[PDB]
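Let's start with one chain on its own, the form deposited without the ligand, as C-alpha cells.
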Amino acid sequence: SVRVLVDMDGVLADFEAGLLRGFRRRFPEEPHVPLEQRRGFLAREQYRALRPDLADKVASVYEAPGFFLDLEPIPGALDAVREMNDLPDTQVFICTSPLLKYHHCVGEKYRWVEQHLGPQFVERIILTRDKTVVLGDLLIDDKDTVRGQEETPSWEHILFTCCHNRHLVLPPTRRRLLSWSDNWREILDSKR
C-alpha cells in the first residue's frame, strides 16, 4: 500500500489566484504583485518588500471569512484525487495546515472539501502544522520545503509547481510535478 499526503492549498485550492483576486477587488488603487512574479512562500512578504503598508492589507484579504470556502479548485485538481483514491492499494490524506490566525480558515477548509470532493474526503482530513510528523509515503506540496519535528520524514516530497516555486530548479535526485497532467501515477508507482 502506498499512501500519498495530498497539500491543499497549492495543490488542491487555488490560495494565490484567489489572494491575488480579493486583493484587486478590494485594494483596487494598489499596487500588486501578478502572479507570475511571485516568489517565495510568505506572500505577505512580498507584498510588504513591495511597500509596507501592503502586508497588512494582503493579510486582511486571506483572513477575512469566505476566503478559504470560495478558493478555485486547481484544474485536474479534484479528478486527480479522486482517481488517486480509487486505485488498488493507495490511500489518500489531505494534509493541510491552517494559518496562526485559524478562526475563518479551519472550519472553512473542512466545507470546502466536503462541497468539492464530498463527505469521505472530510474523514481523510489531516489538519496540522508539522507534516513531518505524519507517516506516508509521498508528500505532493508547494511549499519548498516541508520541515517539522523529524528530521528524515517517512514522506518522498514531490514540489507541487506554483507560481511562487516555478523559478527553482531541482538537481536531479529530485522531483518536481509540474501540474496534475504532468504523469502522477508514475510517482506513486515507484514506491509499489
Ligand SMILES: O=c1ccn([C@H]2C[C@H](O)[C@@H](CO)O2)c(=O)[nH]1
Given for the second form:
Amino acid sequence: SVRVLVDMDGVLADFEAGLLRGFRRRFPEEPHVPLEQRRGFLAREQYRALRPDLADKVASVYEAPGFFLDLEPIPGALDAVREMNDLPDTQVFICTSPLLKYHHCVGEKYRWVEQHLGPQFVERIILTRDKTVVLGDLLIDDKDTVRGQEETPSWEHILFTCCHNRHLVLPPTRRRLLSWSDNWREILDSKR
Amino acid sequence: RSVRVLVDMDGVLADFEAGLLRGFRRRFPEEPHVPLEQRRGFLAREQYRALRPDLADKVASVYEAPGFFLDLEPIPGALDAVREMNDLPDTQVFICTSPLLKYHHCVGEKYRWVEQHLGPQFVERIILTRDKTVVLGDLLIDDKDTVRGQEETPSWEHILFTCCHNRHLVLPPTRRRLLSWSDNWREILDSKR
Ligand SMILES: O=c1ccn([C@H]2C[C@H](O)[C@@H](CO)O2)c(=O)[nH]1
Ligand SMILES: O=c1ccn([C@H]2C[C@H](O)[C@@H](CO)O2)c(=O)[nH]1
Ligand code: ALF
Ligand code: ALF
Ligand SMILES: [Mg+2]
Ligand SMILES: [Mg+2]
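Okay, that is the form deposited without the ligand; can I get the form solved in complex with the ligand now?
Let's see the whole complex now, leading with the same chain.
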C-alpha cells in the first residue's frame, strides 16, 4: 500500500481567505495584504513588515474562538480525499500541526473534520509539530520546507500551491501540485 | 546515534484507572464497582458491562465528562523520569497518546494536562494518533497489552509498563516488562546505544 499524509491549512481548509475576511471584519479601517500579494509562509511576518503593530492584530484573528471551526473548504479538496481513500492499496492520514497557542485550535480541527468529512475521517487524524517522525510515502503540504528530527524523512514532500508559495522558485527535484483538479493520481502511481 | 523514546499518557504518566474508580464511586455510590487489583483487560467499560449491563453506560459517562482528563493525578516517579530522560545526551522523548472516539472533552484536556505538569516544552513533543505503528522510534513505553495498526512490524520495541489491568500477564524471556519508574529504565535505553 501507498500511504499519503495530507496537511489541513492551505490544502483542505482555506486558512488564508478566512484570515483576510476576519481581519477586514474586525479591523475595517486598516490596510490589508490582498491574497495575490502574499509572500512567505507566516502571514504575521508580512503584516509586521507592512506596519509593526499589525503583527499582533492579525494573530488575534487566527487565535480567536471559532476561527478554525468556520474555515471554508478548498475547491475540490473534500471530493479528492474521499476518492483517494477509496482507491485500492491506498491509505490516507490527515497530518496537521497545532498552533503554539493550542487552546482554540486542537478541538476545532477535530470538529471541522467530523462535520465536513464524517466520523470515519476523525480516526485518521495525526496531530504533531514534527511530521518527519511520521512514516509514509508522500506528504501533500503547502509549507515551503517541512523539517524535524529525521534528517531524511521516509516521505517525499509534494508542494501544494497556495497564494503565499506561488512565486517560489524550485529545482526539478521538488514536485508541485497546482490544485486538486491537477493530476494527483499520477503522483500516487509513481510510488506503486 | 540518538535513541528516540515514545511515552504513552494513560497508565504511564497519568493515573486513569484510579481517576475512573474515584469518579464512579462519587457519582454512582450505590452501584457495584471493580477494585483496582481485580481489573483484567484493557477496556474498563467491558468489565463493568460483565458485572451488570446498566454499568457500561454509567462508567463511560465518567471518562466522557468535562474535566475528567484535566484532573488526573500523576503516576509516582513518572514526571521526574521523563525530565531526566529528556536531559540525557543523545536521547529524544515524544509523548505519543490516543484520543477517545468521543473526542470532545479529551483532546484539549490532554494538551492542558501536559502544559500544567511538564511545561510548554513538553506540549511541543505531543503526538496525538489512533495508530502508533506509523510513528518512528526505538522504544514505546505503554500499558496496553498489544499495540497494533497499519505497520505489521513497527520500528519500536514495545516495553510493557505494569498497571493493575495487565499485572496478571507473564512475558516470555524474549521480552521486557518495566515494573515501575524505579525499575532501571536507563539500562533499557542503553541497549539501543
Ligand atoms: O500564517 C500561518 C500560521 C499558521 N498556519 C497553520 C499551519 C499549521 O497547520 C497550523 C500551525 O502552524 O496553522 C498557516 O497556515 N499560516
Ligand atoms: O478503559 C480505558 C479506555 C481508554 N483509555 C485511554 C487509553 C488512551 O490513551 C485513551 C483513548 O483510548 O484513553 C484507558 O486507559 N482505559
Ligand atoms: F494543517 Al498544517 F501545516 F497547514 F499542519
Ligand atoms: F495515553 Al494512551 F493509550 F493510554 F495513548
Ligand atoms: Mg498548510
Ligand atoms: Mg495507556
